[PDB]
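Sequences are here, hints too, so could you generate the full structure?
Single-letter residue listing:
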Amino acid sequence: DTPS
Amino acid sequence: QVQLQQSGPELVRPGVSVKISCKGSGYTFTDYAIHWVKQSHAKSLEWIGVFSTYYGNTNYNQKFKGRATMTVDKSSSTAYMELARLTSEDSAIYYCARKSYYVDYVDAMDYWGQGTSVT
Amino acid sequence: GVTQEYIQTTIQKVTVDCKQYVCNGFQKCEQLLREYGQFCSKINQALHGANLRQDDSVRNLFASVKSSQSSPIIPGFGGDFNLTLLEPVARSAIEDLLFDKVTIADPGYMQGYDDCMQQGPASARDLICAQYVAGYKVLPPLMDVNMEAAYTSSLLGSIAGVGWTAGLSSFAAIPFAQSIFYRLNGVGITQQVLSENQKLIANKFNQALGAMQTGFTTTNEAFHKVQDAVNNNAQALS
Amino acid sequence: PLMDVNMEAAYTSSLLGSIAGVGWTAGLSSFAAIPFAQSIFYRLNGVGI
Amino acid sequence: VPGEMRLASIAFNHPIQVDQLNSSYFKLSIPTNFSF
Amino acid sequence: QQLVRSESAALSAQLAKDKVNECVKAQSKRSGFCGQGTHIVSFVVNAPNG
Amino acid sequence: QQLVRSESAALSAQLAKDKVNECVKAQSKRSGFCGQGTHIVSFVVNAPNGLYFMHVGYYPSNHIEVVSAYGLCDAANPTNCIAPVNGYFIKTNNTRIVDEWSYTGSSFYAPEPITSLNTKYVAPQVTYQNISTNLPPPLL
Amino acid sequence: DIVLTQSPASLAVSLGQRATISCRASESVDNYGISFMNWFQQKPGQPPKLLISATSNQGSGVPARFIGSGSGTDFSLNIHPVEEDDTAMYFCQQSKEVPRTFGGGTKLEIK
Ligand SMILES: *[C@@H]1O[C@H](CO)[C@@H](O[C@@H]2O[C@H](CO)[C@@H](O)[C@H](O)[C@H]2NC(C)=O)[C@H](O)[C@H]1NC(C)=O
Ligand SMILES: *[C@@H]1O[C@H](CO)[C@@H](O[C@@H]2O[C@H](CO)[C@@H](O)[C@H](O)[C@H]2NC(C)=O)[C@H](O)[C@H]1NC(C)=O
Ligand SMILES: *[C@@H]1O[C@H](CO)[C@@H](O[C@@H]2O[C@H](CO)[C@@H](O)[C@H](O)[C@H]2NC(C)=O)[C@H](O)[C@H]1NC(C)=O
Ligand SMILES: *[C@@H]1O[C@H](CO)[C@@H](O[C@@H]2O[C@H](CO)[C@@H](O)[C@H](O)[C@H]2NC(C)=O)[C@H](O)[C@H]1NC(C)=O
Ligand SMILES: *[C@@H]1O[C@H](CO)[C@@H](O)[C@H](O)[C@H]1NC(C)=O
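Chains as they are written, first to last, in the entry's author numbering: chain A, 740 to 743; chain B, 1 to 52, 52A, 53 to 82, 82A to 82C, 83 to 100, 100A to 100E, 101 to 110; chain C, 789 to 877, 886 to 1034; chain D, 937 to 985; chain E, 753 to 788; chain F, 1084 to 1133; chain G, 1084 to 1223; chain H, 1 to 27, 27A to 27D, 28 to 107.
Not one of these hints is a red herring.
Restricting the straight-line Cα-Cα distance to at most 25 Å, the calculated cross-link-like pairs of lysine to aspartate or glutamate (DMTMM-like) are: (1) G:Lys1100 <-> D:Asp940; (2) B:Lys38 <-> G:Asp1182; (3) F:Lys1102 <-> C:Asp1024; (4) G:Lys1112 <-> F:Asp1101; (5) C:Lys854 <-> F:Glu1105; (6) B:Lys73 <-> B:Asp31; (7) C:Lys807 <-> C:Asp922; (8) F:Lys1100 <-> G:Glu1090; (9) B:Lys43 <-> H:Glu93; (10) G:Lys1203 <-> C:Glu992; (11) F:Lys1100 <-> C:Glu944; (12) F:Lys1102 <-> C:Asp892; (13) C:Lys1021 <-> F:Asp1101.
None of these hints come from the bench; they were simulated from the model.
Okay, structure coming up:
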């Protein structure tokens, strides 16, 4: 899922 | 804001060499070849030659190869054309012009000077 | 004339369910196996590292085969040269001969496991179904055969040319036949001869390539090496 | 280790000083001893610029 | 917190396609802006 | 056994990489590498594991 | 285990030796080795148990397509033919140059007049263009 | 050089009328598909002005009103909205080969  | 200033017209007697000039303005003069054209009538125009302003290389219409030469004063941003041995058949409006490429590999005459004339 | 060689680049990837391989979930051996549970942990880690290295060698290789630019591939490529290597716009006629002459078992993945199952022929004898008894798993290849075909079509379109200096920047984009004549002049054949013999040269070249249709036998050493790469993988699992 | 860290540093400083350049043919005998920037321009002209 | 993983296809970067031409002249691809 | 084989394949892949960047992408002047007849264009195709 | 590792390190050291005597001590024409951008100077430093190399390289961008010719000849004299050295003959697209054709580098686009420094004489070929008038090398 | 000719020698139209000019070449001007054809405009008391190039029917100093057309030896110029400030001499130009000759032209007029 899209980066932290 | 590009402009092509030119020398005034003259009624020169035959057999006299004639010098004509055109000064560029508003652009770097050395990045464009100068084109010269002769007009004797509204329907009669012909190419005279072309002069690189950076390398001094030229091409000429075959009819003027023994009579015309061209020079540049890089510090005056100006180009000159000289024509040996004037005759009454040379009366014309003379025009300097700036080379360009609106289309890839197609030479275009672009801006034109207002013209000058000799008789 | 033509010569051939096979250079292996990968090992089939395998993992093992170490708990399942040692015992089949009987509870007495599960209790006993726990005393040795750290051996299986070392086994799994070692195989995992080996498989990661196989994936990296593949990606590294494909990163260099790619060309930044190429000619499109169309039929009639090479003019009078025959060019049977052209894709059947796919893989290629030569790749199909090579894969069909090879005796390797049909791949899993799709449908895979349902060819292990009773919903299929009684004659299956695949070691691939035996993977689901023994706890083996053969991992799928990293690239997908379609992308692999695309990478080698890019190499075919980079031909014509390689000359004219550099070739690490500009792309000449000239006919294949023209690049051949430059290569022939690059080995000391004079240009005068090359212009006189152009059709003769094309015919001799085509005869050399025509022999490739008969080249896939075990008497061809390069083919034999392909066959034994397959045999080594099968034997390790058996 | 066999070499000591200091001698290893000396060997790679010698490589740094051999650059500029390996051109002018050979370079397995004579040493050009030219500025680094000049050797870069020869390398750029060696790739068709 | 973060959501679900996304399935995706691995991209294939296509090479620049230079048109093949016949006759006495040819198309040439050349760079205009090098970088170190 | 797998660790040994994996290593030899990696080294073999390095050889393949060099041939693509010499023998496929260029004419070679080196003799001894390719068929023994100077060099002219070479081609490469996919094969099982290589 | 130590005997196996020792052998692989020795082979790896042989590879390092070859790169120092090619990629560090000379420009390389190979491609392949080093970064994928031709080759220009490379450097090497110490690292634990080995050498660490850095390779400067040249990466092209912003490619354009242009018209080009295999060579040029005098239409009045079929035995005078030239071909570019380390570059290409392209149709001119530059306002500075009156000449119909121009010379450019093989790694970078930039037109220049065709002169004897950029050409070599070659045997005539059917694909060479016929120039009806102006070529400087030979002028005639 | 390629001889260029044009017709009708003059054309007269009503305001807002469509108008065209036909231009013929003694030999084709296409080389590598480039075309090399320029059209010019001139009025008394001033230098000629560039209008179009064979792939530029807008730009090159003009509005989309001036449409060049054709290939090979045949070319034309097409203006759907003629206005009285379009009365001018018009000229086909060869850029393909030296001397770079060009046509004597035709004159547009408002009836
Ligand atoms: C050839 O020269 C022309 C003009 O010198 C270049 O045309 C320019 O192209 C860029 C690319 O987007 C435009 O932003 C400029 O507006 C154009 N300038 C003009 C005056 O039209 C052209 O790129 C050059 N090269 C090629 C390959 O055509
Ligand atoms: C050489 O080119 C010919 C066509 O010019 C091809 O040979 C034919 O290929 C088709 C497709 O498989 C076959 O159906 C024909 O039977 C082939 N004919 C012959 C005489 O073999 C093919 O591209 C090349 N053939 C060879 C032998 O190199
Ligand atoms: C030449 O290439 C450089 C890249 O080396 C480009 O400059 C960069 O362009 C990107 C475009 O998105 C910018 O984000 C960067 O800020 C630019 N500068 C850098 C990386 O220093 C550009 O394509 C060209 N530059 C020119 C022509 O001046
Ligand atoms: C430039 O002119 C020469 C003629 O001097 C052309 O040479 C042709 O060469 C082929 C050899 O493959 C002959 O078969 C032709 O008969 C020659 N043509 C003529 C008209 O004699 C050469 O092709 C010309 N260049 C181009 C691009 O046409
Ligand atoms: C290339 O030139 C030949 C010469 O006759 C011609 O027959 C062929 O159609 C040309 N190719 C294309 C794609 O137009």
